[PDB]
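Undergrad: Residue strings, one per chain:
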Amino acid sequence: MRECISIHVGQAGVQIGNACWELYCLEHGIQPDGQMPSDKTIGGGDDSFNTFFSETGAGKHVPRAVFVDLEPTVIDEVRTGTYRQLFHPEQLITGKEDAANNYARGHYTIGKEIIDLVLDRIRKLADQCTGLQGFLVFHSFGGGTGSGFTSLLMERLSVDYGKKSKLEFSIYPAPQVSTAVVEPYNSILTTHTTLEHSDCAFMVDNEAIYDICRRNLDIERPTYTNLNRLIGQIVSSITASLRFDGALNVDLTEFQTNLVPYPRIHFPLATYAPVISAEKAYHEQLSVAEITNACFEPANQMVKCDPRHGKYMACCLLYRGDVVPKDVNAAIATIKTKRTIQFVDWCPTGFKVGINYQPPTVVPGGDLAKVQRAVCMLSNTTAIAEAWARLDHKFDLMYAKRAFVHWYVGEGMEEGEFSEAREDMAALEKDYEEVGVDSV
Amino acid sequence: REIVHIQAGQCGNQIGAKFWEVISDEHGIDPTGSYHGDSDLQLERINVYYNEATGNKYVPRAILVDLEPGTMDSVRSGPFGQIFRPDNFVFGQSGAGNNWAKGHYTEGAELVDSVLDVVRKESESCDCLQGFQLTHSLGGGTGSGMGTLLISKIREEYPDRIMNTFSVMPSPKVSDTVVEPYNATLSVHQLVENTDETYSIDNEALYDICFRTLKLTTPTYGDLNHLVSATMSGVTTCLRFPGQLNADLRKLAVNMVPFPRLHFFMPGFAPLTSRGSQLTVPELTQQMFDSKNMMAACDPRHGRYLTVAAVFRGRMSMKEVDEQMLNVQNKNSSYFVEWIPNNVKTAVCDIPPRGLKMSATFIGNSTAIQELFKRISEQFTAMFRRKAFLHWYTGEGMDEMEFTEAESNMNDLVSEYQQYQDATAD
Amino acid sequence: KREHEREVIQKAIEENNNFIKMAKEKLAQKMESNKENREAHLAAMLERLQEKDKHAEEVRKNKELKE
Ligand SMILES: CC[C@H](C)[C@H](NC(=O)[C@@]1(C)CCCN1C)C(=O)N(C)[C@H](C[C@@H](OC(C)=O)c1nc(C(=O)N[C@@H](Cc2ccc(N)cc2)C[C@H](C)C(=O)O)cs1)C(C)C
Ligand SMILES: Nc1nc2c(ncn2[C@@H]2O[C@H](COP(=O)(O)OP(=O)(O)OP(=O)(O)O)[C@@H](O)[C@H]2O)c(=O)[nH]1
Ligand SMILES: Nc1nc2c(ncn2[C@@H]2O[C@H](COP(=O)(O)OP(=O)(O)O)[C@@H](O)[C@H]2O)c(=O)[nH]1
Ligand SMILES: [Ca+2]
Ligand SMILES: [Mg+2]
Ligand SMILES: [Mg+2]
Ligand SMILES: [Mg+2]
Numbered sequence: 001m002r003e004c005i006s007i008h009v010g011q012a013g014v015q016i017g018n019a020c021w022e023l024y025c026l027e028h029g030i031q032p033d034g035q036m037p038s039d040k041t042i043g044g045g046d047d048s049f050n051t052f053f054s055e056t057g058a059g060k061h062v063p064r065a066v067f068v069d070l071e072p073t074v075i076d077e078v079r080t081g082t083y084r085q086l087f088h089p090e091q092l093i094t095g096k097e098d099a100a101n102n103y104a105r106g107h108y109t110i111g112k113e114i115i116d117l118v119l120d121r122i123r124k125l126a127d128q129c130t131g132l133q134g135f136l137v138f139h140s141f142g143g144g145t146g147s148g149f150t151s152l153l154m155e156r157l158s159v160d161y162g163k164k165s166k167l168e169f170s171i172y173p174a175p176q177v178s179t180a181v182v183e184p185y186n187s188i189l190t191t192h193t194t195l196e197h198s199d200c201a202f203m204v205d206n207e208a209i210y211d212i213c214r215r216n217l218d219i220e221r222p223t224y225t226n227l228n229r230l231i232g233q234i235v236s237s238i239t240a241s242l243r244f245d246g247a248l249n250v251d252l253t254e255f256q257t258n259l260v261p262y263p264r265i266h267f268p269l270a271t272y273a274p275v276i277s278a279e280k281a282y283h284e285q286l287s288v289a290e291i292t293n294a295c296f297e298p299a300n301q302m303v304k305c306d307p308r309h310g311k312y313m314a315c316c317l318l319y320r321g322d323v324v325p326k327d328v329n330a331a332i333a334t335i336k337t338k339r340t341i342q343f344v345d346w347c348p349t350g351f352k353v354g355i356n357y358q359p360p361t362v363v364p365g366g367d368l369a370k371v372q373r374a375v376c377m378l379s380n381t382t383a384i385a386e387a388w389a390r391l392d393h394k395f396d397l398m399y400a401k402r403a404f405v406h407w408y409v410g411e412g413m414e415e416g417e418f419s420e421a422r423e424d425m426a427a428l429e430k431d432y433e434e435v436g437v438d439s440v
Numbered sequence: 002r003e004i005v006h007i008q009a010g011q012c013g014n015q016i017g018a019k020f021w022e023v024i025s026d027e028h029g030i031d032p033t034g035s036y037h038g039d040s041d042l045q046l047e048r049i050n051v052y053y054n055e056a057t058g059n060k061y062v063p064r065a066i067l068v069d070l071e072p073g074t075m076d077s078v079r080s081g082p083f084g085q086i087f088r089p090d091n092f093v094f095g096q097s098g099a100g101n102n103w104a105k106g107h108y109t110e111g112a113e114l115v116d117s118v119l120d121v122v123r124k125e126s127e128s129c130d131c132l133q134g135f136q137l138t139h140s141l142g143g144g145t146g147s148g149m150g151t152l153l154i155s156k157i158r159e160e161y162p163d164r165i166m167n168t169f170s171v172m173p174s175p176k177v178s179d180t181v182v183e184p185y186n187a188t189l190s191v192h193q194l195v196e197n198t199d200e201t202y203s204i205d206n207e208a209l210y211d212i213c214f215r216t217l218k219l220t221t222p223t224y225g226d227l228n229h230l231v232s233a234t235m236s237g238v239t240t241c242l243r244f245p246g247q248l249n250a251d252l253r254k255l256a257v258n259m260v261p262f263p264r265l266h267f268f269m270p271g272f273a274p275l276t277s278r279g280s281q286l287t288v289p290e291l292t293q294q295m296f297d298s299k300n301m302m303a304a305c306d307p308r309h310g311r312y313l314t315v316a317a318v319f320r321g322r323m324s325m326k327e328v329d330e331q332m333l334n335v336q337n338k339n340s341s342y343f344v345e346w347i348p349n350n351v352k353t354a355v356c357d358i359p360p369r370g371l372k373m374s375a376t377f378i379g380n381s382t383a384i385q386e387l388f389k390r391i392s393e394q395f396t397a398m399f400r401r402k403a404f405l406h407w408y409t410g411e412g413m414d415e416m417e418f419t420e421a422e423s424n425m426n427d428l429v430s431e432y433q434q435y436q437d438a439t440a441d
Numbered sequence: 075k076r077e078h079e080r081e082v083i084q085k086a087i088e089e090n091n092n093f094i095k096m097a098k099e100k101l102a103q104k105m106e107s108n109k110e111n112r113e114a115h116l117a118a119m120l121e122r123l124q125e126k127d128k129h130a131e132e133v134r135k136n137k138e139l140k141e
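Chains as they are written, first to last, in PDB author numbering: chain C, 1 to 440; chain D, 2 to 42, 45 to 281, 286 to 360, 369 to 441; chain E, 75 to 141.
Note that these hints are calculated values from the structure, not bench results. We put the CB at the ideal spot given by N, CA and C, even for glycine. Treat the hints with care, since some could be wrong.
[To be verified] Here are the simulated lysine-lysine pairs, PhoX-like style, with alpha carbons at most 25 Å apart:
{"hint": "1", "chain 1": "E", "residue 1": "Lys-85", "chain 2": "C", "residue 2": "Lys-164"}
{"hint": "2", "chain 1": "C", "residue 1": "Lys-280", "chain 2": "C", "residue 2": "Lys-394"}
{"hint": "3", "chain 1": "D", "residue 1": "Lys-389", "chain 2": "D", "residue 2": "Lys-326"}
{"hint": "4", "chain 1": "E", "residue 1": "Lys-126", "chain 2": "D", "residue 2": "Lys-156"}
{"hint": "5", "chain 1": "C", "residue 1": "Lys-163", "chain 2": "E", "residue 2": "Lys-104"}
{"hint": "6", "chain 1": "D", "residue 1": "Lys-402", "chain 2": "D", "residue 2": "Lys-299"}
{"hint": "7", "chain 1": "C", "residue 1": "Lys-304", "chain 2": "C", "residue 2": "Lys-326"}
{"hint": "8", "chain 1": "C", "residue 1": "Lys-311", "chain 2": "C", "residue 2": "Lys-280"}
{"hint": "9", "chain 1": "C", "residue 1": "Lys-164", "chain 2": "E", "residue 2": "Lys-109"}
{"hint": "10", "chain 1": "E", "residue 1": "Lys-126", "chain 2": "E", "residue 2": "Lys-137"}
{"hint": "11", "chain 1": "C", "residue 1": "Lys-163", "chain 2": "E", "residue 2": "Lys-85"}
{"hint": "12", "chain 1": "D", "residue 1": "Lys-402", "chain 2": "E", "residue 2": "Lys-135"}
{"hint": "13", "chain 1": "C", "residue 1": "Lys-304", "chain 2": "C", "residue 2": "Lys-394"}
{"hint": "14", "chain 1": "C", "residue 1": "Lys-311", "chain 2": "C", "residue 2": "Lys-163"}
{"hint": "15", "chain 1": "E", "residue 1": "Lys-95", "chain 2": "E", "residue 2": "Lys-85"}
{"hint": "16", "chain 1": "C", "residue 1": "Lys-112", "chain 2": "E", "residue 2": "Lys-95"}
{"hint": "17", "chain 1": "E", "residue 1": "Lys-75", "chain 2": "C", "residue 2": "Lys-124"}
{"hint": "18", "chain 1": "C", "residue 1": "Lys-164", "chain 2": "E", "residue 2": "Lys-100"}
{"hint": "19", "chain 1": "D", "residue 1": "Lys-402", "chain 2": "E", "residue 2": "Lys-137"}
{"hint": "20", "chain 1": "C", "residue 1": "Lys-164", "chain 2": "C", "residue 2": "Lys-352"}
{"hint": "21", "chain 1": "C", "residue 1": "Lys-164", "chain 2": "E", "residue 2": "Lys-98"}
{"hint": "22", "chain 1": "E", "residue 1": "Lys-75", "chain 2": "E", "residue 2": "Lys-85"}
{"hint": "23", "chain 1": "E", "residue 1": "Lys-109", "chain 2": "C", "residue 2": "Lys-112"}
{"hint": "24", "chain 1": "D", "residue 1": "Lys-156", "chain 2": "E", "residue 2": "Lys-98"}
{"hint": "25", "chain 1": "C", "residue 1": "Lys-394", "chain 2": "D", "residue 2": "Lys-338"}
[Unchecked claim] If you want a taste of the chain D side facing chain C, the calculated C-beta under 10 Å gives, among others:
{"hint": "26", "residue": "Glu-127"}
{"hint": "27", "residue": "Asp-130"}
{"hint": "28", "residue": "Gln-133"}
{"hint": "29", "residue": "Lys-254"}
{"hint": "30", "residue": "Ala-256"}
{"hint": "31", "residue": "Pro-289"}
{"hint": "32", "residue": "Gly-321"}
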């Protein structure tokens with residue numbers, strides 16, 4: 001019961017899925033062939049890891065996942081790679097021609113040809129669930145598949161599944177690793193189309209992850225490999241609540257209840273601690289109080305924005321490892337008396353806490369040090385709207401001169417879809433301003 | 002995935018022949034058609052430009068066209084003339100005689116369908132065709148008229164494919180031919196409407212680089228073609244080797260073409276070399296933004312950059328490349344359009360070209384390209400006001416109307432490159 | 075009370091159905107506007123090209139008119 005299907009869309013979405021699934025296997029004791037000696041219930045069970053892994057009669061633990069890209073080259077590496085025996089061929093879906101960093105191609109042109117095949121395979125996975133909770137969608141904002149195909153898939157999933165949970169891990173564009181000049185158009189187009197069709201979305205600023213790798217892990221020019229290894233850790237922290245069981249374990253839905261005050265205000269800020277190198281972690285252990293305080297450090301955020309210049313609407317602390325309530329309670333009490341967190345006048349100032357005892361695992365040949373305890377904070381701050389504004393400014397500069405718009409118009413889109421998307425973004429920015437005003 | 006190469010006329014076939022030698026060398030393919038290389042990366048994306056023939060052989064997906072067998076015979080006789088498919092040499096006996104109307108409407112027209120059949124044979128056996136690339140001249144008659152006739156005939160059968168061209172621009176410093184401005188203006192009028200992306204290879208630039216910079220006493224056509232080949236190898240690197248940025252014709256087009264008509268790129272290369280026997288990341292970075300390294304006789308500082316692509320070849324620090332690319336952008340911010348944020352894209356290939372340890376190719380969509388078109392419109396108006404040499408063209412069937420129309424369209428294109436050079440952010 | 079309880083669950087169902095319905099409708103509407111638009115774009119492109127072919131006949135006929 002309570003199964004979750006993961007959907008990995010485009011290169012960003014697929015490569016992050018590779019990292020995530022690689023890490024879940026390591027955390028549950030699942031071998032690259034899908035075998036799990038730790039599991040005595042052969043052919044199936046009701047265990048907490050079963051929300052993410054299906055079981056075959058043979059004893060193979062199969063990810064409840066679909067990988068989609070409009071081109072073969074990225075998924076082909078999964079088919080050939082270490083975990084080729086982990087997935088059934090039918091879970092790995094490729095086209096022949098990609099969306100060429102164009103929303104219109106992924107949503108319409110190219111995407112229309114593969115959509116029903118993707119839905120069939122999602123349906124096949126859905127049919128093996130005794131009690132489907134919902135979906136986890138991994139994609140980039142900037143790519144044509146990542147933006148347009150995700151939009152189309154989201155719309156179709158709302159039609160096919162109703163109001164069954166749809167969560168996203170969206171890669172926010174950064175110049176340092178940016179592939180296209182039209183990423184701000186694709187980001188605004190996907191955000192508009194998907195807004196109504198998502199219940200919660202975790203944005204990951206590639207610049208924020210880039211900076212952490214450079215600063216905390218002392219990596220000169222971070223690769224997507226380095227980036228995905230750090231995202232793997234944040235994703236694992238948010239899904240640990242679902243993949244493990246415990247007395248102090250609070251479900252992702254309970255965090256969501258607190259994180260979403262209004263349907264459109266469903267973008268939580270993720271902050272992870274500790275991100276430390278093996279060299280810097282040798283003979284230095286960080287306490288519950290140390291890792292907790294590090295969450296209120298803008299340097300550890302998944303999105304670059306200032307929550308100290310914004311207002312909180314929630315704080316959730318998701319602990320991993322050697323953590324006891326006494327210490328968490330004391331660390332929270334300290335931050336509170338330290339009065340560093342300004343909250344909206346309309347909501348309770350409590351901190352919702354979950355704890356899983358299984359400590360964070362590390363991928364061999366990693367930059368990350370294995371720590372005894374880790375924390376992920378999910379906060380709903382008005383500061384996340386800074387990300388919306390930066391992306392909205394870039395869009396504005398280009399759309400004023402109608403720069404590159406013909407590439408979209410030539411694929412069947414109208415100028416009207418652009419202006420309508422942008423007006424939704426102005427409305428969302430206004431909504432984030434409104435929630436931050438004190439009541440009269 | 003697959004690109005179809007088409008070389009038309011003397012200039013086209015000559016520059017196209019060198020392209021095939023150079024990239025074959027790079028991919029480890031000998032003139033027989035076998036792979037005798039070291040790295041696996045040479046083969047990863049070989050299917051882009053080559054056909055995997057029976058008996059582990061690699062055949063250039065190239066179509067050689069000419070209204071006269073002269074040049075094509077020399078190419079067949081050449082060092083690599085044996086790697087080609089014999090059936091892909093499609094040639095006339097008449098010639099165009101540096102007449103656009105002959106290559107376009109009459110002689111080239113009678114030969115065009117025989118070409119289309121080979122173009123189709125190549126396109127049918129493609130797993131997923133990207134588009135096509137044409138090497139030619141605009142000053143001649145065959146590459147100029149037939150090359151532009153082929154562009155429109157192919158577009159009718161593959162409207163959704165990328166049309167890329169390496170258009171060699173006519174200079175008086177290079178040829179005595181008086182009808183070169185007439186042939187170019189009628190060609191550019193075709194290119195504005197029917198190509199997705201055109202690399203503007205100005206002969207004036209190639210000659211001045213040879214004479215002045217390269218210190219060549221008497222520059223030959225093969226000396227000019229060493230610059231063309233270097234340029235052609237750099238601009239296609241990202242298409243031939245595994246990478247992330249501008250890896251296909253359309254991803255490159257989406258990044259470089261903000262407006263449909265403004266698709267004429269100013270290629271640039273560093274280090275500038277000669278086929279004789281003879286640079287740091289900041290030096291490479293600096294050089295490929297200076298007029299002396301421009302393959303089109305245009306000064307970047309006389310216009311603004313709409314978009315730029317920077318290809319880095321060799322083993323260097325990615326961190327350093329990132330820092331140097333950031334340096335030139337901050338230090339030259341005025342020369343970049345503000346209303347197009349993050350318009351400079353940078354790729355890094357570990358495979359350097369032969370004879371170098373590191374190189375930098377620059378692909379720019381600068382409004383300064385209007386200098387190349389203004390020069391051709393001046394060279395045209397000198398003759399057209401006089402109604403000079405028009406019998407060569409009217410005689411083949413054309414009207415005076417066509418030349419007025421072609422002049423206007425190329426004048427409009429310059430008004431447009433200026434329009435966005437003057438365009439404000441606030 | 076038993077009436078209002080019945081009314082509330084019915085409103086939950088109708089709002090969910092109306093949502094799936096509107097979504098289905100918006101998508102059908104967008105995929106048809108895009109199909110018509112892309113087709114109209116290729117059509118326009120090929121008439122421009124077909125007129126370039128028509129003009130070439132006018133040129134080849136004008137040449138043969140002198141002989
Ligand atoms: C007096 C007329 C000469 C011929 C001509 N003069 C001029 O261009 C000027 C500027 C002089 C004043 C008026 N004006 C017409 C000229 O120098 N050129 C046309 C050369 C080209 C000419 O070189 C010389 C030194 O004359 C040629 N080079 C080749 C050549 O490279 N041959 C190579 C084979 C080839 C043949 C044709 C083509 N299109 C490409 C390649 C073979 C040799 C071994 C090599 O590669 O150098 C042939 S003619 C320049 C401007 C590019
Ligand atoms: N963090 C991270 N970002 C990635 C990765 N791959 C791509 N991106 C980012 O995603 C954006 C480009 O999107 P892609 O994932 O390559 O696009 P796509 O969905 O495959 O779309 P097309 O290839 O155009 O069909 C840029 O912002 C990249 O920096 C990855 O593995 N990790
Ligand atoms: N750079 C370069 N220019 C050339 C070459 N061959 C011819 N040209 C130029 O091409 C123009 C004439 O066109 P040409 O290709 O010879 O005629 P075509 O056979 O009718 O296409 C002139 O401006 C020549 O200088 C060559 O190999 N390299
Ligand atoms: Ca079991
Ligand atoms: Mg892709
Ligand atoms: Mg000639
Ligand atoms: Mg000539």
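Undergrad: Going through the numbered hints above, which ones does this structure break? Give me the numbers in ascending order.
TA: Those not satisfied are hints 2, 3, 6, 7, 8, 9, 14, 17, 24, 26, 31 and 32.
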